[PDB]
Structures are given as structure tokens and as C-alpha cells.
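Complex shown without one protein chain; remaining protein chains in place.
Chain nomenclature is as follows: A, B, C, D and E, assigned in order of appearance, with residue numbering initiated at 1 for each chain independently.
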Amino acid sequence: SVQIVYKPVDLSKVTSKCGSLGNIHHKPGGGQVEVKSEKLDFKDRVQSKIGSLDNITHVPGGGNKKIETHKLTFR
Amino acid sequence: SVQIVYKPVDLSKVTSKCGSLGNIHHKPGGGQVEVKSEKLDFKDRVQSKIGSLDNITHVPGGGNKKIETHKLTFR
Amino acid sequence: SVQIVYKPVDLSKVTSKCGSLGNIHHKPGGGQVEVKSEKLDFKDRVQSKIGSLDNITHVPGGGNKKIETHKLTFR
Amino acid sequence: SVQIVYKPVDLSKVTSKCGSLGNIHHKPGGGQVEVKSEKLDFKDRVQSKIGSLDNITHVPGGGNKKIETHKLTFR
Amino acid sequence: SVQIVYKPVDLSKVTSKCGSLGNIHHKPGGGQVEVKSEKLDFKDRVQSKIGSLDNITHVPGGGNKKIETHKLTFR
Partner (left out) sequence: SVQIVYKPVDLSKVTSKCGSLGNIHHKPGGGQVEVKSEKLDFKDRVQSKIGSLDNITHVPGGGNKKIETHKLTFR
């Protein structure tokens, strides 16, 4: 006679921590900003940011991905 | 005689923590901003942000993805 | 004689925490913002934000996604 | 003239994780236990536990305690 | 003239992780236990544990304690 016992077990842990975690920013101060523009000419897309204090966190990453394939074939 | 026992078990844990988590911003201060513009000419899209203090979190990422395939074939 | 026992088990846990979580902003302050414009010409779409303090969280991500395929074939 | 501005601020965070957290037990096994008693004499309290596999978590601790005193006195 | 501004700020973090955390126990096995007792005499309390595999976590500790005192006196 024959017996097959197919019992793979996944007990893993997976963690991702991405971007800005647990930081302290203490009394941060931006300076005065002046922009003077005269007679400028633009023939294409203009993309502009003017500020004094910017805090930017950008996270395209940090996803957790599992691909698993299981397979049993008899005769 | 024959027996097959197909019992794969997933008991795992998956976590993502993405963007800005648990940060302290204490008295952050933006400065004065002046923008003066004269006689400018634009022939395509203008995209403009003017501010003093910006705090920005952008998260296209941090998704958890599981793909699992199971298969048993007898004769 | 023959027996097949097909009982794959998913007991796993999945979590996503995406964007801004548990942050403290204590007394954040934007400065004065002045924008002066004269004789400007725009020949396509203008997209503009003028402000002083902006707090922005954008989350296109952070979705949890499961694809699972099961298959049993006898003769 | 006189001004007083009494504004103490508590923004702190307090966490306890006490006992048995996030452990994995995989296929633990207790052995055979045989207890034979004859002609025994007991003249005060008997407290008995007989088993094979015991898993025990006892937490008298892990409590979070805050005591805060505020006081403002003028003349 | 006079001004008093009284603004102590608690922004701290406090964490305890006490007992058994994040451990793996893989196939732990207790052996056979035989206890034979004959003609024994007990004239006070008897406290007994008999087993094979015991897993025990006891946590009287891990409590977070904050005591804070604030005081303003004018004349």
C-alpha cells in the first residue's frame, strides 16, 4: 500500500517600515524667500514649487510580496 | 490501497508600515514668501505651488500582495 | 481502495498601515505669503495652489491583495 | 498690569506589552505521566496539579500608572 | 507690567516589552514521568506540580509609572 502526507507549513513573519518613522524635528525654521521674475518666456510645461520649510516623505516602495506554488502529482 | 492527505497550512504574519509614522514635529516655522512676476509668457501647462510650510506624505507603495497556487493530480 | 483528503488551510494575518499614523504636530506655523502678478499671458492649462500651511497625505497604495487558486483532478 | 498663562501640555505616549506575545509553538508534545500513591497521610491543605503539557501565562504586572498634580497660586 | 507664561510640555515615549516575546519553540518534547509514593506523612501544606512539558511566563513587572508635579506661585 501507499500513503502521501503533503503538509508544508508557512509560519514566517514579514515586516516593512518605510519612509519617516519615529523622527523628532525640534524648532526647525525656514528663511525668507523672494522670487522676482521679469520678461521670461516659456515654450513648454512649467512645474514650480516655492516654499520656505518643506517636509516631504515619498514611499513608492515598502510593499511585501509573496508568490508560492504547491504541486502534488500521483502516477 | 492508497491514501493522499493534502494539507498545506499558511499561518504567517505580514505587516507594512509606510509613509510618516510616529514622528514629532515641534514648533516647525515657515518664513515669509514673496513672488513678484511681470511680463511673463507661457505657451504650455503651468503647474505651481506657492506656500510657506508644507508637510507632505505620498504613499503609492506599502501594499501587501499574496499569490498562492495549489494543485493535486491523481492518474 | 483509495482516499484523497484535500484540506489546504489559510490562517495567516495581513496588515497595512499607510499614510500618516500617530504623528504629533505641535504648534506648526506658516509665514506670510504675497503673490503679485502683472501682464502675464497663459496659452494652456494653469494649475495653481497658493497657501501658507499645507498638511497633505495622499495614499494611492496600501491595498492588501490576495490571489489564491485551488485545483484537484482525479483520472 | 499683570498676566499669567498656565498651560502645561501632556502629549506623551505610554505602552506596555506584558506576558506572552507573538511566540510560535510548533508541534510541542508532553510525555506519559503516571502517579501512584499508597498509605499517604495529609494533615493540612493539599494543592496538586497533574498534567502532561502545560502552557501558563500569569501577568500581575504591565499596568500603566499616571499621577499628575497641577497647582496655581496668586497672592 | 508683568507676564508669566507657564507651559512645560511632555512629548516623550515610554514602552515596556516584558515576559516572553517573539520566541520560536520547534518540536519541544517532554519525557515520561513516573511518581510512586508510599507510607509518606505530611503535617503541613503540600504544594505539588507534576507534568512533562511545562512552559511558564510570570510577569509581575513591566508596568510603566509616571509621577509629575507642576506648581506656579505668584507673591
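Going forward, contacts are C-beta pairs under 8 Å (C-beta built on N, C-alpha and C of every residue); 3 or more make two chains touch, one makes a residue touch a chain.
Chemist: Contact with the hidden chain only, please: which subunit B residues?
Modeler: 24, 26
Chemist: For subunit E, which residues touch the unseen chain?
Modeler: Subunit E touches the missing chain through residues 1-75.
Chemist: Identify the residues of subunit D touching the omitted chain, counting contacts across the whole complex.
Modeler: Residues of subunit D in touch with the missing chain: 8, 12, 31, 61.
Everything below uses one rule, namely that only the chains that are shown with their structure count from here on.
Chemist: Averaging over Cα atoms per chain, report the distance between subunit D and subunit E in Å.
Modeler: For subunit D versus subunit E, the centre distance works out to 5 Å.
Chemist: Return the distance between the CA-based centres of subunit C and subunit E, expressed in whole Å.
Modeler: Comparing mean C-alpha positions, subunit E is 39 Å from subunit C.
Chemist: List, in ascending order, every residue of subunit D touching at least 2 other chains.
Modeler: 9, 11, 13, 22, 24, 26
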